[PDB]
Structure formats: structure tokens, C-alpha cells
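There is one chain below, alone, in C-alpha cells, taken in the form solved without the named molecule.
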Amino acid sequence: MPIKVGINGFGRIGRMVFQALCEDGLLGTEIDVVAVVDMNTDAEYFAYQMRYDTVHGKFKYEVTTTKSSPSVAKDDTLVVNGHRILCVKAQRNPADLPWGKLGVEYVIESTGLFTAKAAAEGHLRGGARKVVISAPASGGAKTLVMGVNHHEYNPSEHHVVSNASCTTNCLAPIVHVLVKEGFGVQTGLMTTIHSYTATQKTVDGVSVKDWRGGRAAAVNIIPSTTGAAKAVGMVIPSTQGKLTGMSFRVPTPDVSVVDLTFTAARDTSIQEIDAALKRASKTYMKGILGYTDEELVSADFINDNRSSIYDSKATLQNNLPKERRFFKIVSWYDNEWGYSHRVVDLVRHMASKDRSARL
């Protein structure tokens, strides 16, 4: 019994999540992506967008389009591995989405227009049973980070949840190892050298909610506030109020890195931390936290499925010698790729626990 899934908003964020799901080999097997709602319904265009990608290369599977019924001008259905995905048109209120009629049980909310728990809940009225906001959320939606606290998902209590942000999914795994291994965190500050994104502008333009963010993205280092570090406190309560940080948007299309500076809760050493991080990578954090000890640069992390990738050499080479509390930890993350898989990983976990709850 495959999972009936619907993706609300088939923008750049939605596609990656769908491509993620495909590469893992879940389409038509584990997950039945029934539909994808969006303001556009030209499947031929959606096929072109999946087929090519400036940063992630060419799609692994062939993509064809077709009509849902002979009585349709331009194709309105996506085809991948014989799996048919219907392209539905956007709706003002999520409650008006044909979710029930479509049989969609799990809807991936990625429009960025419904990050408020209450709003995202509309999908439920529209017939959905569970929603995953593919970004930070307000209103009190349960926030879950794979590999950190996803086992806290409660089928009967959590119907609208958030998979947090791509940056939190990079930082949290590092902090989670520190708090779980006993190094602990007294206070911390994080900085993320972040690739520019879709909200930024090519040339200087109007951006009322963030003036710096309206400046030419590919030719500027653009400072920015962020809530990713504070959010780690929701996934790991013991760090609430002890962490925060910023972001520097730099001229790269994809891939970012985490620069965490913190004071451990007890004497330790950078080598001791290096070992703990590596060890966790091969054990309880496998698939979520990985590491590298080669001379890598941002391009070498394009398409890496891990949420966080510890940079051993950079860490070990840039810490105070013989220091026991004040440390720096560098960890990479393909902001688009890692997160997209986490979103899929989370839907499968939820489905799994919802399933075992009806026995």
C-alpha cells in the first residue's frame, strides 16, 4: 500500500523534493505522488524544468507528458517511470484543494505561502491527513529534524509539522552530537556562508522586508539575520536561548557551509570532538551526518544527500592549540539537495508510524 502524496507548489523547492524522492527509487514503489498543485499547469514546462538543472545536472529518469483525458489541449500530466503525476492548479485557500477527492494523504507544503501552522492546516480540511511544511513554521507546528528528534513524531498529536530549514538541518546534527556525547554546549554563535537563493535579486531591486537582500546577489557578500540557530533550541531544548547566528550570502548558486563557534560545557579538546563527530557519522548519525578530511570546496558537495558534512581538516587546522572550551566547527551542506531528501525521509517516517498506529 504505497503512500498517497501530494506536493503543493511545484516551484524550485518542490521539484528537488520530487527529484529526491525519485532518485531514492520511491516513485510508484514506496510513494505514489498523485498530484502537484501550482499556479502553472503546463506539464510540458514542468518536464523541461525537471529534465535540466543548472547546478544538479540532468535528471536521471526520462520525463514525458500526457493528457489526463483526450479532451485537453496541452498535456497536464507528468510521466516518470510509467508513473503519472497530475498537474493541478493552485487555490486561494488550502482547504479548497481536491486532496480528499484525489486520495492524497500526505501533502508537501512548499509554496512558502503557508508556513503558519493554522494556515497549512487548511490542507486537512481539503482532505489531507498530514502536512509537512518544507521550511520553518510559526503557530506551533511540531518541528522535526531527521536524525535529531524525528522519533518525537506523534501520529495522534502531530498532523501539521515542519522539517525546519536547510541550515538548521546542518547545524542541529552537529549540536546533537555534542550534547549527546557529553561535550555539551554553554553558548554558541553560528555563521553560514550561504549561496544566494530565489528570494534574492540579480540587480539592485526593491526588497522591503530585507534591504540588503535586494542588492545584486552574484556580485556581493550580503549579511543577513537568520533563525536557524535559535531553531536548534526547538529540536534540542537544552540549547534554548544559548544559540544564535547570522548568514552571509555569497556569489554561488548552491551549497553553503556552517561556521559554528561555541564553548563546551566541560573541558575537552578539538581532537576529542573530531573523533566524536567522525564516530557518529559511521553510527547513529549515518546518512544524516557525514564528514570529509580531503581538501574539498563547495562544488564537491553538490548533490550530497547528507544534511551536514563535517570538514575535519578545516576544523582541526583552525582551532586554538590545546584549547579546552572555545571551539570552531565547520560543516558543509548542499542546501537544496540535503534538505529535499530530509523532507522525503520525514514523510516516510511519519507514514511508517501512522501505519503502525492502526494495527
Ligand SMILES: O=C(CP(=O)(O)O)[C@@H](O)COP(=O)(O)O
Contents of the next structure:
4 protein chains.
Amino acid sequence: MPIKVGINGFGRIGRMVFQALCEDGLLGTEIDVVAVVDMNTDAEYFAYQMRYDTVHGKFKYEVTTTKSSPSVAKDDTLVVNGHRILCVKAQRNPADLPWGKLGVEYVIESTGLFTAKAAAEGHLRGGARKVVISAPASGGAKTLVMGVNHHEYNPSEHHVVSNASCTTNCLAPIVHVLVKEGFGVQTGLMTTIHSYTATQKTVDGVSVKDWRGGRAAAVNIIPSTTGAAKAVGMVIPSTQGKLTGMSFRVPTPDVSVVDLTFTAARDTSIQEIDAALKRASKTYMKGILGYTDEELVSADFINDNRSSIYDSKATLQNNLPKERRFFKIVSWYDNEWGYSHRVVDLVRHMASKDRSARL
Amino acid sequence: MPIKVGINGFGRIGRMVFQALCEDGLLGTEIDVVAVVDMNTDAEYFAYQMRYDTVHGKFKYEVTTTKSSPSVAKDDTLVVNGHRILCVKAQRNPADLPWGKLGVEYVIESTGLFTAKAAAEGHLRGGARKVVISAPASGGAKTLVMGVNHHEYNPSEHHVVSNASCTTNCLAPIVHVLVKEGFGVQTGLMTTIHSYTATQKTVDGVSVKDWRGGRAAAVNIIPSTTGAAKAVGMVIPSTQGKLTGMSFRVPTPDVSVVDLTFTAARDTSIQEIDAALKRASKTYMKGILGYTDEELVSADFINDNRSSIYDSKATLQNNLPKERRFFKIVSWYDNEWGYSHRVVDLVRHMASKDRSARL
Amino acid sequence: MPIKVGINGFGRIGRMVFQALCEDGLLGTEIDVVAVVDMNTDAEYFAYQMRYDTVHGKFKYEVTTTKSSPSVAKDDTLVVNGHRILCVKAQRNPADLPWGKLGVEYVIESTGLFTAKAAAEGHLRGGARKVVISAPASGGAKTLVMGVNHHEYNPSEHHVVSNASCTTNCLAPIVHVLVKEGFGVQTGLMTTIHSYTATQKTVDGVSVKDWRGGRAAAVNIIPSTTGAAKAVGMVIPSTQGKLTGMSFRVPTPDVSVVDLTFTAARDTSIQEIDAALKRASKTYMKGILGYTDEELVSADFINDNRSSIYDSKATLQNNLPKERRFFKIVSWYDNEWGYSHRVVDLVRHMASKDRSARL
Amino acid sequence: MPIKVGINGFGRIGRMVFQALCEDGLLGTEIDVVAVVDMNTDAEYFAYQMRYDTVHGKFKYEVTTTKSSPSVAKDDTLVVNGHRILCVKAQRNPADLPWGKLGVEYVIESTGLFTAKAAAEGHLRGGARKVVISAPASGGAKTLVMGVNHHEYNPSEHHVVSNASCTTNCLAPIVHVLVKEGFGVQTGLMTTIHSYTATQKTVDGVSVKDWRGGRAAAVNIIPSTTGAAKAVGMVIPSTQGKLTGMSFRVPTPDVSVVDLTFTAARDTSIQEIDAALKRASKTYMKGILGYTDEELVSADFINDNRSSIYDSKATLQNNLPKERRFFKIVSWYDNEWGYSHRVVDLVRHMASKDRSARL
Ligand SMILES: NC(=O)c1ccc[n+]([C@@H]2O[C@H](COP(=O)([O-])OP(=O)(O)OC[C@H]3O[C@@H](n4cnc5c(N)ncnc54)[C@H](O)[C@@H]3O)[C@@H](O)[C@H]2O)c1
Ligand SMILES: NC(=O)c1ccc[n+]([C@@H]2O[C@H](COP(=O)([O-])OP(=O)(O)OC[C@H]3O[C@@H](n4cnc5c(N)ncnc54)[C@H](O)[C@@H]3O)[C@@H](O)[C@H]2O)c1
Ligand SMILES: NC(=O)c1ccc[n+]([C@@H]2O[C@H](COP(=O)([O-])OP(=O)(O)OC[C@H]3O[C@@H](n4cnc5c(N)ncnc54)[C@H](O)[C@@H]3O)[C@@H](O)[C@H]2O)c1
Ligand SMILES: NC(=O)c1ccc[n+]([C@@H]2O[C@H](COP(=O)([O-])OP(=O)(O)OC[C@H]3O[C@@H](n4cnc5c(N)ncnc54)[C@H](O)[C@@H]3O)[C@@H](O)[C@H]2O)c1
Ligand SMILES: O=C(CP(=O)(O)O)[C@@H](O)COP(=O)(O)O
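Would you mind generating the form solved in complex with the named molecule now that we have the form solved without the named molecule?
Below is the whole assembly, all chains and molecules, this chain first.
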């Protein structure tokens, strides 16, 4: 049966999560996106936005609009291949969404204004049954990372959960292979050369929550603390309090890369780690962790759906020779694409794990 | 006696205006900046923004902070070499600004949200006498452009004037020399290759009133309609209805260039015009109109304070040989820097004219 | 009847011309690439450059490499979809290439160092029949433009042609409609906001041939002269010495746009001109001239094979109202994609005519 | 008797060395630039390159040109603030240089073509006394990093030395304070988020010795194996085989930052370290090592002339709380400016030393 989904806040990620569904072919098939919900309800504008993307190209499916009722000014309904997505009027209080009336049970919370466990739980009153925050949450919300711990998901306990962050979903799969393969992680420090995002600015402007982040983004290397490496602990309890790291926001519109440096728990070799990474990318991490041994550069990872793309050649070429513990692993990720697909995955995995618990 | 000034909206232009004041040694002499206003009153953060500038480099003059009164939580007063400046809390409604209790009579309206004669008049009700809008205004506000029509200022008839746009300010100087030297302007279409600004988005974001204006700002040549060229009709009435243009927002944090095409009212030559422009920049347009004959690029115009820098070589080298009517005039400008010096130039003018009206 | 082609200068445009063939399913079938050529003969590196592209995405046809004789040090054969290409050794003189023995009659000269009639003719002495200069030629080389004058090709007269400049291929299609649709062009100046190219520098460098051209490309707006507006006269004589213009190289890796300002021979409106362009694009200029009525930006025209894409909105919205002679036309173009496609088009047309020319 | 220096290879770096040299106010007084040597002799084009800079702003001193002898075709003399500098015609062999005749004892190697000890020795036979290669050198040439080991300069032993690279001059000061202050370095991996350089390309082009380095510079994050780290084992032998790292070339014209990670040789805290670096910057590292505790971004380091600017905030905030061995240190540097000044520093040092050993 179709999954009645409702996307909250049809922004950059909102549109990427939706386009994820389509790409994978889950529209009007496995997932029923009953309604999206951003600032306005100008379906014609929503069409244009989905249709054209500066970095990800032109949407592969044709988009069109229509009215939900002949008594409407501008088209208020989006049409993607027979399926009809409604654009409802945004809200300030999730508890005031027509989710119940619309028939939505799973909402993807991607506004960015409801990452608080209880704030997102407002969608439940609205009539939804499960919510997935497309970012790190707070309030004891369960954090799940596909291919790492999504199986810990519990249908009767977890109703508001987080898919975590783009960087966490990129780092986690590497730390996970390391620990599961027995290499271990004593202590680790990571840096992420990250492409600027919507939170940043075009020219120097006011940003009281992050002074460096208000500076002209496309012409600066902006440092920033991140809780991504420390969030790995939530997903891999064994590495709790053992990792941390920063981020250097740099002048590229999309795609980033993880720079991990850690000390293995036991003696090994970089060749050994390299081989363990590739082996899992083809097995238990397939579709989540991938790798490459080609001389690629950020642009080559655009539209890659893996959560983490290990860079074999950058890794094998920049470590200490004969070193048995102090290592560096490099991995790429399209911050927008990969994560967006993981959002659909987590949601799907939940619906299936929710079905079973019932019928 | 110095004139009490207050700057509403301390950003790109609010700050460059201040830096221009310090630079020309006017602070504490011709002008007494009583206070600035933005999001909060954290002087310490205001210092940081003033101290470091991504495009204009380190603020050459020292800046520290203190408290207006011990009963204040964090510092709220900026101190630039003895000159103290108060950081007031932003106001949703201009009429709610404590001007009359501060002593401020002139307020440079640069927040960007009160360009409507009616909405900007709120500064008068707050307790101020005059208000200069750092952008094209509406509502009847008299529009003045230094070196072109700024003498049409009526001390008693104008209380909320518009210093025009940055572009109008680069164009006017030229169209004035043409009209004044008798070259005349039959018809003209301008195109400004404008570097992006704060109203643009780092990544494809929401922008309902200007769709293309929402697409990624540092990786796209974004077209846009502009009033700048038309506005030249308000400063030089004989051109009203003869010009109009557009803007292409390209990937540069500062400095723009006007590409003016037009047909003269009489038979002339690009040489005659070239020589007319340089001659003018050395005479009646000195300070306002500048010009170069060197192989310059945008960065070379960074921090140039003129309103228009005629590019001799670009013009002469790219026109039709022997033509006597159809010409192209290229002229650069630091959309941030010069225009800011003009805002100060304008206020100063208004001050003298207001001092000589009742005296 | 696989046409015989030999690409000399397998670089930015050389590779694009190749990916141009494949895209149209002409490889092996209509056209047969015997052997390409650049500095080295490393097929692994060639294959790599082909597989991944920063602006145009990933190559859609698997590429592998083999040998032609085990006596070779590294793979020197480029197998693209079953069809195999040979990587010949670069020469300082076009006449030194084994075109004769290689059995290569047509040779797409895209090195950019032999835009001279005689120079490129070195290809004919090496054993080749026809030589197309994927760039503006000089020395009495017939310049053709698909959809504007390409039929002027004399199979038995023109053995060396010039497919003109990427800019002329965008302007001409536009001017061609104006002249033919009876609008006429009295005088015109054209400016092109062009994105940087391989001839520029990453950081300030030496460029004695073009001082401005030797300045940090990705952070400046470099002015530049151009002969594309003047070259139209060689393709549309009616305009001889009636058009010219410049270039403005901005910070973008690909896609450029024309901004033609001109006066019509007779009276009209922007509507009539807009209507003619949309008409011509759907009829006698289809495939060459296209148009858009959407809020598009630079990146949206990435991979557009048309030569000129007229921007309806940007044109109707930025001209003088009720005006009858002075006009501005805004037209886009993927300076890399479209052009490359025209190169193949001219090559296939020359074959079609060469064939029947004696058969 | 001011030192007679001659610059070999007046390129991006030859200038920076001369501009830095002028900045310190040494031209004519302490040092005396006799003549510079570059491919071309065009002095008007040299004065241009010296007059304006895309990143470092405009040269503060006046630059004009003349002729050394009335019997000279074009200008061959570059006159900087009164001081006279001759522009000798370049060469491919360091021997064919008239250093001795020119009376040049100290020549600065920035051509980037003679980084070899044996090769660069030509100057010596060219009558030139000593040679400072402004880049990593081979052939077992002595490396010297100002503030780290420049005191290992033996006049009668070293006549052709290397000033190491820009990155090493950033890492060395940091590692030197760590080793000399008791912390020690057991193992360490560095990463430099580096801005693109001249060796990179605007758009995807041919780069056989570095494939990723051939990709478009201002639109990608290009990884790269680096030596700087390992080259530290030459300046601080004790770390021989203990360090290494890579590089991420990001979209910025200038300014880079070093992100070093390592395990101390004893127990400490990120505070002890932080204090030790600040103490050193104020004492024995003054001028070479500097630090900041403000919220800085790359643009804020433009024109800083220290070799390493430690980022106190970025460091203290991104290390594991209570950690004792595994640490991250973030340090900035104007990869162009700092190094340039160091080159002058090494030369000034050598001089004084040579004066006392000879006198
Ligand atoms: N790199 C990425 O794009 C990325 C990757 C992973 C996770 N995330 C997280 O996902 C969230 C969204 O990120 P994004 O890149 O899409 O940002 P965005 O700013 O591009 O998208 C957020 C959208 O929310 C809409 N919005 C705001 N308030 C709303 C409201 N009350 N109701 C409805 N819509 C509202 C806005 O119009 C905006 O388009 C953030 O929490 C971010 O940290 C982002
Ligand atoms: N930067 C340019 O090129 C430029 C040139 C000429 C004219 N202008 C005009 O100047 C004005 C400001 O432009 P800018 O570049 O400085 O933009 P900006 O965004 O950098 O400056 C606006 C500032 O006002 C503050 N602000 C917002 N609402 C406020 C309120 N209610 N009260 C007080 N402060 C408030 C913001 O925090 C911000 O710092 C606009 O009207 C713009 O059109 C800009
Ligand atoms: N890319 C565009 O926008 C564009 C569009 C139309 C026409 N053109 C014209 O096409 C020509 C090439 O442009 P491009 O963008 O491909 O430049 P490019 O520099 O990227 O490609 C030229 C390639 O030729 C190779 N080369 C140099 N000398 C050679 C020789 N003797 N033999 C074989 N290979 C050699 C180089 O390795 C280089 O990669 C220029 O003349 C340019 O004016 C460029
Ligand atoms: N500023 C930096 O980023 C930096 C820092 C450290 C080391 N380096 C190294 O220093 C060297 C120069 O650096 P750069 O920034 O000037 O590079 P660049 O490529 O910008 O400048 C090199 C210049 O050398 C000139 N040249 C080449 N061969 C010559 C010859 N035989 N005679 C005279 N002139 C000649 C060229 O005109 C060219 O412009 C390179 O080897 C570089 O790797 C650069
Ligand atoms: O990448 C992120 C943090 P990092 O750069 O420190 O790894 C992620 O939170 C993006 O958030 P946005 O709110 O969409 O900017």
C-alpha cells in the first residue's frame, strides 16, 4: 500500500527529497506525496523551481500545475506524472497542519524551524503518525543513519526521529566499517571541507549565531564548529566521546568531503583499511558507502546517491608509510543529493517496519 | 557646530557610509554620528563587522566598545578614536526610533525596508528633521544625484529625499556631460553588469518577487530589470522617456560596470565624446566623474570613491569607425564605496543648504 | 558510408565536438573518428578527461583503452562504444600529421594555433582533403554559419573553412532573422557577458597580448574586444561595417549571453521582433535558433545545443515602450556545447555536399 | 654598502618579493634592486603588473619607466619611487646572466625552472655570490625557514639555498613551537585547505603530472599530495618520517590555512598548547608566528606578512575535551604575502651573516 507522505517546508532539501522519490520511482507507486508546504502556494513557482536546478540539472520528469477547485486564482496543485501534489499554506505551529484531513501519516520535517523533539511532535497532533527531521534534532529524538543503525528503529517508541546530518551520514559509514571490521577507533578528529549552504550569505552580513558564517560565502574559507563527529556517538555508542571535528565552508555550491584522522584500536595498515572499505561498499554498505580510485574532484560527485564516497587514491597516497595506528581517511558526498535519498530510505524503512508491527 | 547624524540599517552601505565619514576626517567635525542601528545592540559585534571587511579589507582606524551606562548588560557603545557611537535596537516602525531623545536630525535610511516616502517619513516623527534614503525611493521623495541635480534641494520643501540608486549614480554623471556639453541624447539603452548583493541567495532559494533573483548568486549570470536608467529622467527631465535598461548580476562581491548605448542628438564622434568626458572629470564633474585609460579590471576599481569611472580604452576601442550618432560608453563604479561617499556628500550639502535657509 | 574525420587538438572543444557526435548517434554510423590528437598519447588520461567533465557532467558512453601493437608502452587506442580511435603524436606543424596514411580526409582543427589559412592548410599536405577550423580563421578562409550562410559552401572551392566563433554563431542567427524578416539593421553594437575560458588565468599572470586577459579570471569582470560582431558582416554582408562590439568575461565556467542593441531599418515594435524570433526558431531556424519565456539563468542553458537562445522575457521587459527603432535583444548560448554541435553540423553538411558534388 | 640583489624570473612571485621588499622600506636603503630578469623586456607592462593587484590592492609607491641608454628600442628601465631597476632579457641558462657585471651578489630564484641545486648554481658562475631559491629545492640544496632554523646558515658552506615552500613556512613555525616547548611530536598528519595557484587551470585542461589539478579551479575542490609536511623533516630533523599531509585546492585566489593533527610526545591539554603558541608569537616567534582569537575568515588574512597565523578560537573549540595526546591545530597564512616577506627575510639574514663572516 502507498505511504501517505507530507513534506514540510518545500525548500532546497524539501525539493531534493521529493526529487529523490521521483528518481527512485516511488511517486504514486510506493510513496504518495499528498502535499508539500513552503512559503506560498504558487504551484507555478514551485514547478519552475523543481524544473530548473543550478547544480543538479533539469528535472527528468515533466512538471505541470492545476487548480484543486475551479474557484481558485493561481494553480495551487502540482502535477508530477499523473500524481497530484497539493501546496498547502505554510504554518508557524505544526499542530495547525491539516495532516489528518489530508490523510498524511509520515511528514518529512525540513523547514529547519522544528528540529526540537517536541516542536516536531506538533505534526502528530496535526494528524501525522511519524515525523522525520532532515537534520540533527534535540529532545531525545532517536537518530537513525541508514546502513549503520536504522534497524534500531522501533515502531512503538520512535514516532519523531532524525536522519541526522549530511556530514554525520558521510562520516558514520566510515567509522562503522572501522569498528565493525575490528580496526577500532581510540580517538578521532575530523574536518569537512564543506560547500556553502542557504544559511550563509552572498556578502558580509549580520549573523549573531555564527560571526564567521555571515561573511561573503563565495569568496571565503569560513571555519565552523560542527557536532557531526560528536553525533557519530549517538549512532555508534562505542565511539561516544572519542570523536569531534570542524568544518571549513569553502566556495563551491554543492558537494563536500570528509577528512578523518584517527588512531585505530589495534595495529593495522592503511592498505588493510583501504581493502576493508572497498569490501563493505560491495557488501553490507552497498548503496550507502561507495568508493573510487580515480583522480576525481568535487564536481564528479554531483548527483551521487551514496552517503559517503571513500577516495581510495587520496587515502592511499597521503598517509604515513608503514604506519600502524595514526591514519587519515578521505571521503566525499554531495551534501544535498546523498542525504536527500537517505531521507526517503529512512522513511520507507519505517513504513515497512511500521506495517509489520501492525498487520 | 557638527550635524547630529544617525544611521538606520548598519550593513553594507550603512557601514561603508561610516567608513567614508572616518576617512574624510568628518567624524566629530562636520558630522557627529550619534548612533547606528541594526538587529541588536551588541557593540562588540558591530566592531567586528566594522573591523573586518571581505572586500574593503581591515578597517584602518581602531574601534573599541564601552557602556552607555553601568546598568547595561553588554557593551552598547562603539568608540572610534574618541568618537562614541550608540547602538540602538532595530525598529519595525521607523517612527519608533528614539531620535528626538538622541539629538539626531539627519538619518541615513539604509535598512532597505523603508524606501517608501510614507514609511520613511517615520524618521521625522521619531524626532528627526531630515532623512536621506540610500536607494531609489517612492511616494514623491525628491531624488538628488551629486554633481548632476543636487542643487535642486529645497531646504524647506524636501525632508525625505532619495540619493538614488548606485547605478543611477554611475549613469547620471555621463548622461549629464552628454546633455550639458550639447551632445544630446535622443535614445539610449543601458546594461549594467552588476556584481551581486545581499538580496541575492548563495544557493537556489525562495524569491517570489524576483525568480531569477533567487537562483544561486555566485555561479550564475542572472538577468534582471532595473529602474536606474529610467530614473535618469527624474534627475535630468529632458531625458525622461528616452532611456531604460537592465542588469545582469554576475559572480563578483563588489564593483559594477555600465554599458551605455545611445544615439546622440547631433553628429559627433566617439573621440569628441571621449575628450568631453575626461575634460569634464577634471572640471565640473571632478570628484563625481572619474576616468581611466589603463587596462583595468573590476578589482582595480575597489575603493575608488567616484560615482562613475569612465573607461577610455574600452570605449574608444569598441565603437563603430566614423559613426556620428550610435555610440557605446563604458563606465565602472564600486557599487558599494562610491555611492556611500555620495550619501555623505549629499547630507553635507543638505546641511549647508539647511543652515543657509534660516541664516 | 562512415565519414572520415580527424580531430586535431583534443582539448576543451575537441572533446566537446566528439561528445557532440556520440550524442547524435553519429559515431561509427554517419561519422567515423579514425584518430584524435593532443600533447600526449595516453589513452588512460584521454579516456579520463572524457569520462568526467566539470560543467557538462559524466560522459554517457563507456570509454576504455587498448593498443595497436604490444610494442607500445601505454595504451594508445581509445575505444568509445566499440568504435576505436587512435591517439597520434602532436606536431608543431599540421603538415607533419600522418593524415594521408591514417586515411583521414576531414580534419576538425581545434588546437587553436592554426586559425591561419596557410597554417591549417598543413593538414591538406599531410594527406587530408578538407579542414574545418573550429574557430575564426584568417587568410581568405571561407567562414560558414549553420542556418545563416552555410549553404554558400562550394565543395570545389572551399577545402578549408572556419566555423566562426562561438559568439558569431549566437549573434548571426539573431541578426539573420532581423534582416530577413524585413526588419533590417541600420547600425548595431553588441556586448557579450562571456564566461572565462582556457586562455585566461587562475591568478594574475602574464598576458602581453591582452593585459586585462592576464588577470584573475574567477574574481574579476574583464573587458575585452571581440570580432564576432564585426564578423557577422562576412556571413551577412548587408551588415558589413554596421555592427561591432565587445566582451565582458565574468566569473563562470560556461554559458554566455548576447546583449545586442540596434536600430531597425524601418519602424517596428519589440513585440513584432519578439514574434518573429519565436517564429523563426520554430521554422527555418529550428535547431539553430531557440527561445525561452521562462525566468532562466546562466546555468539553465548548460548543454543546450542551439546556437542562440533568444530570451523573450528579458527582451520584452527591458526595452523602451512604444519605441520603433532603438532595440535590445538578449540571447543566450552554451559557448561550449552549441558551438561544438555546429562544428559537426558543418562537417556533416560539407560531406553531404562533397559526396553528391561528384557522385 | 646596501646589498645588491637581483631577481631572476619577474613573475607573480618575483613581484611579491619586490613588493614585500618595498613594503618593509628596504629599497635603496638596506637592499638595492639592480635588475630583474623575465621573458619580455616590456617595462610599461611590468609597471602595470606592479601597479594593480587583484588581491593585494594597489602598489603604494609610484612606478614609471625610462631607458638605460638613449640607444634602446623600448623602455628597459623600471623606476620605482626614484630607485632604478634594469630589466634584463631573460634566459634558459643561469650562466648567461650578467650578475657579476651588474654587480649582483644576491639573486632571488623565482623562475621556477631552476629549483635544482646544480642548475641554480649557474648564478654563482654568473659572478653572483649567493642564491636564494624561492621554492623547494633539490640536488641537496640547503633549506632554511625563517624563525625555525635560519641560524643554521653557514656562509662559507651554503651559497645556493632554498626558502622552502609557502605551506611548510606555515607548518614549520607551528611544529617548532610544539617541539621546542616540550609538547613534542610523535606522529602527525596535516591538511591545507589551499586556494588555487597559477599552476591551475580556469577550465578543465591538460595536466599530465596532476590529473585532478587539470580540472577547473574556481568551481572544484581538488585534492593533492603535498610535500610541505615531509619537508619539515629537513627544517626540524627530529620529525623525520613523523609527519605528512595533503592539500585541498579550493575556489579562492589567495590565502590558505593549515589544519594539522598529531599526538604530543607527553601529556598536555589544548590550553597549554594554545598558551605556548601565543607566548612564542609574542617572543621568539615574533614576526614569523602570530595568532588570533577573533572570528576570522580567509579574507582577513590578505596581506598579513607572518608565515603562520594561529587560530586560537578555531583550535580551542574543535578539540576533544580533556584530551591529552590527540590534537588539532588550525593556522592561517597569505600563501603569497607571508612567504614573499620571508624570502626577503632570508636574504636580509644571509647578508648580515655573510658580512660578519667575511668582515
Ligand atoms: N546541504 C544541505 O542542503 C543539507 C543537507 C542535510 C541536512 N540539511 C538540513 O535540512 C534543513 C533544510 O536545509 P536546506 O538546505 O533545504 O535549506 P533551505 O533554506 O534551502 O530550505 C528550507 C526551506 O524551508 C522553507 N520554510 C521556512 N520556514 C518555513 C515554514 N514555517 N513553513 C514552511 N516552509 C518554511 C523556506 O522557504 C526554505 O526554502 C536544515 O535544517 C539543514 O540543516 C541541509
Ligand atoms: N550594496 C550595494 O551595492 C548598494 C548600493 C547602493 C544602494 N544600496 C541600497 O542600500 C540599502 C541597504 O543595502 P545594503 O547593501 O547595505 O544591504 P544590507 O542587507 O547589507 O544592509 C541592511 C542592514 O539593515 C539591517 N536591518 C534590517 N531590518 C532592519 C530594521 N528594521 N531596522 C534596522 N536595521 C535593519 C540588516 O541587519 C542589515 O545589516 C538598500 O536600500 C539598497 O537597495 C545598496
Ligand atoms: N570553448 C569555447 O568557448 C570555444 C568556442 C568556440 C571556438 N573556440 C576556439 O577553439 C580553439 C580551442 O578552444 P578550447 O576551448 O578547446 O581551448 P583548449 O586550450 O581548452 O583546447 C586546445 C587543446 O589543444 C592542445 N594542443 C595545443 N597545441 C597542440 C598541437 N600542436 N597539437 C595537438 N594538440 C595541441 C592543448 O593540449 C589544449 O588542451 C580556440 O582557437 C578557441 O578560440 C573555443
Ligand atoms: N606565492 C605562492 O603561492 C608560492 C609560494 C611558494 C613557492 N612558490 C613557487 O615559486 C615559483 C614562482 O611562483 P609564482 O607565484 O610567481 O608562479 P607564477 O606561475 O605565477 O609565475 C612564474 C613566472 O615566471 C616567469 N618565468 C618563467 N620562466 C622564466 C625564465 N626562464 N626567465 C624569466 N622569467 C621566467 C613567467 O613569466 C611566469 O609568469 C613557482 O615555482 C611556485 O611553485 C609560489
Ligand atoms: O554541513 C553541515 C555542518 P558542517 O559544515 O559543520 O559539516 C550541515 O549542518 C548543513 O547545515 P545547513 O543549516 O543546511 O547550512
